[PDB]
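Participant: Residues per chain are reported as follows:
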Amino acid sequence: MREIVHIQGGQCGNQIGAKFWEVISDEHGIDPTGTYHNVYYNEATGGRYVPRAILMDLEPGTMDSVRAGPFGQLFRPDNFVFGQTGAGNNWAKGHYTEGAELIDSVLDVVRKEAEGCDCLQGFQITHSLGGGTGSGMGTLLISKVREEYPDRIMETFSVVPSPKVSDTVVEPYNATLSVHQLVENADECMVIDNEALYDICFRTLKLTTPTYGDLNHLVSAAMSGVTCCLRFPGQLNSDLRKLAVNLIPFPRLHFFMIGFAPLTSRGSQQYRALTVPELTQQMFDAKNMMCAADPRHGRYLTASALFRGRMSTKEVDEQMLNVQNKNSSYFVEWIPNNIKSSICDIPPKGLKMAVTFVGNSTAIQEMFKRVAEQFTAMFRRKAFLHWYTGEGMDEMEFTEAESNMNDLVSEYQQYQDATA
Amino acid sequence: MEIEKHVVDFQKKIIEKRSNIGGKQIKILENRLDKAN
Ligand SMILES: Nc1nc2c(ncn2[C@@H]2O[C@H](COP(=O)(O)OP(=O)(O)O)[C@@H](O)[C@H]2O)c(=O)[nH]1
Numbered sequence: 001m002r003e004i005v006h007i008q009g010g011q012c013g014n015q016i017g018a019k020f021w022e023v024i025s026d027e028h029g030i031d032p033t034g035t036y037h048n049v050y051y052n053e054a055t056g057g058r059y060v061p062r063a064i065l066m067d068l069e070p071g072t073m074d075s076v077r078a079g080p081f082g083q084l085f086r087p088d089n090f091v092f093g094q095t096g097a098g099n100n101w102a103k104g105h106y107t108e109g110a111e112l113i114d115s116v117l118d119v120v121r122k123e124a125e126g127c128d129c130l131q132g133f134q135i136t137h138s139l140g141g142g143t144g145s146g147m148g149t150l151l152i153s154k155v156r157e158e159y160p161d162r163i164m165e166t167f168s169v170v171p172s173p174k175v176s177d178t179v180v181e182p183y184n185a186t187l188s189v190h191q192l193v194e195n196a197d198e199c200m201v202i203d204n205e206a207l208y209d210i211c212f213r214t215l216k217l218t219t220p221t222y223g224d225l226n227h228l229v230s231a232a233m234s235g236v237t238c239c240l241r242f243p244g245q246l247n248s249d250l251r252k253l254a255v256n257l258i259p260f261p262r263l264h265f266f267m268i269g270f271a272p273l274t275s276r277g278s279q280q281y282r283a284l285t286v287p288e289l290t291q292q293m294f295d296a297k298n299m300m301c302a303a304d305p306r307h308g309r310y311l312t313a314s315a316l317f318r319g320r321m322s323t324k325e326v327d328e329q330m331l332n333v334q335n336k337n338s339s340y341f342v343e344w345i346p347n348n349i350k351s352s353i354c355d356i357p358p359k360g361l362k363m364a365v366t367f368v369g370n371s372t373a374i375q376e377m378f379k380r381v382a383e384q385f386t387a388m389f390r391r392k393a394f395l396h397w398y399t400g401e402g403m404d405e406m407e408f409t410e411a412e413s414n415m416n417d418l419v420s421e422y423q424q425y426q427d428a429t430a
Numbered sequence: 099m100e101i102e103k104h105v106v107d108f109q110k111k112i113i114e115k116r117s118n119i120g121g134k135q136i137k138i139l140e141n142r143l144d145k146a147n
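Top to bottom, those sequences are chains A and B.
Read left to right, the first sequence gives residues 1 to 37, 48 to 430 (full-length UniProt numbering).
Read left to right, the second sequence gives residues 99 to 121, 134 to 147 (full-length UniProt numbering).
These are calculated hints, taken from the structure and not from any lab test.
Every residue, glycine too, gets a C-beta built ideally from N, C-alpha and C.
This list has only true hints and no planted wrong ones.
Here are the simulated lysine-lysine pairs, BS3-like style, with alpha carbons at most 27 Å apart:
(1) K122/A - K137/B
(2) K137/B - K154/A
(3) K134/B - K145/B
(4) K154/A - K145/B
(5) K252/A - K324/A
(6) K145/B - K122/A
(7) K336/A - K324/A
(8) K216/A - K362/A
(9) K392/A - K174/A
(10) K350/A - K336/A
(11) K154/A - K252/A
Simulated DEER-style distance windows between Cβ atoms:
(12) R142/B - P346/A: 47 to 57 Å
(13) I138/B - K122/A: 22 to 32 Å
(14) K145/B - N332/A: 51 to 61 Å
Every beta carbon over 10 Å from chain A, so not counted as near; a handful from chain B, in silico:
(15) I101
(16) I112
(17) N118
(18) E140
Okay, chain B solo, but in the shape it has when bound:
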């Protein structure tokens, strides 16, 4: 029971970190280069 509630704490920590992390242009810049050259 201590271990199951302890992994419940684990799950809480991991959902908090997921919510935390919840918070392409290179080719178009080459296109930007084409015109000037």
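In isolation and in its complexed conformation, chain A is listed as follows:
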């Protein structure tokens, strides 16, 4: 049981959710038709399994496109929360004028899906920080669900403004506005960025003609591997809360980087062996992360690992022992045995092993600082402001968002080196 509800947001979040449901259907043996050929699905007369997946957005072209592609019959025709105007890359648009009139349609449907279960252990949001809709609308949904349900655990698979270029000109504004309302009411922010995702699909995988469905498939395989330890048996099982405890020692430093494995070349997929020491090499390799922040330029406040496949436990023991042994000061030493380990008992579709590494570390603080830097630049010199200020927002909130980001990062950095 121990339910999940899959609310989406923005065209990004919509595509990622579509492909994630594709992956979970293809894993649980669910067709695009919705049969078997409940921890994620719901029973429906006629022998159907409907995903309790809500797609909300301020534009329907995304809605139409996600309906059009394969696996579209999964989502039932009520959870398509239709927006007609579009926030148009404006946090004020996506959070105040259209938020405060979409909140409650979403409230009725989320109460729908929440009473549909018995025990809703955790939520599920995938959205953006830069798009007006995604950012504002999504952090507003987060605030609302965290207002009524204080006992659940919040979780966002969040895409941030890209380093080399900003996807939309107001990426800094929307991103700081999203994190300022993310810190207190979002319990686990898995930080992803389109550019690092590009890097991981490019470097070791031969992919020369990539596509957004491809990156969605990658991050959705990761998104399935993070929790696949829940719905399946295992010698040493976990959940969202053992993970949350072993990951956050403080309610603030709870933003996590994620990676999934294995991922190698296909033409070279035969020449290499395939073992668990090789899995450790694969992801404790710096380049295998899904965030534009090499974690070995910082420190690991703690890190959790979740296996998939049936091998021994001698493995995971020597695993985190060996890795702590050499990359010790790459972690933080003020906390004992900072690596947590669990095992899911089932391997992936067609392959032998899977591994998911999640990390509560202090290298995303530079991501936060680069966001705040771009923000402050466009902010003092007043770049792209009337779009936010002529729609019932003031820059007092912008100042406080920027300063709050800076406060978060100041704790991140001092906790990097705090020792006793």
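Guided by the hints, dock chain B with the ligand onto chain A, whose structure is given.
Facilitator: Positioned in the frame of chain A, the structure of chain B with the ligand alone reads:
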């Protein structure tokens, strides 16, 4: 002729007043009430 130019003055006055005057939410507020109740 005095009367026609006088109504010309009239017309001028009226076009000036038209240019001067040239210078819905209740239901959506009920919708705003529905949620809180
Ligand atoms: N991973 C991924 N990211 C996307 C995709 N489409 C858009 N994005 C990112 O999402 C951001 C757009 O945010 P969004 O909220 O959807 O825009 P909005 O709907 O106009 O407010 C951009 O910065 C893109 O980089 C996708 O298919 N996959």
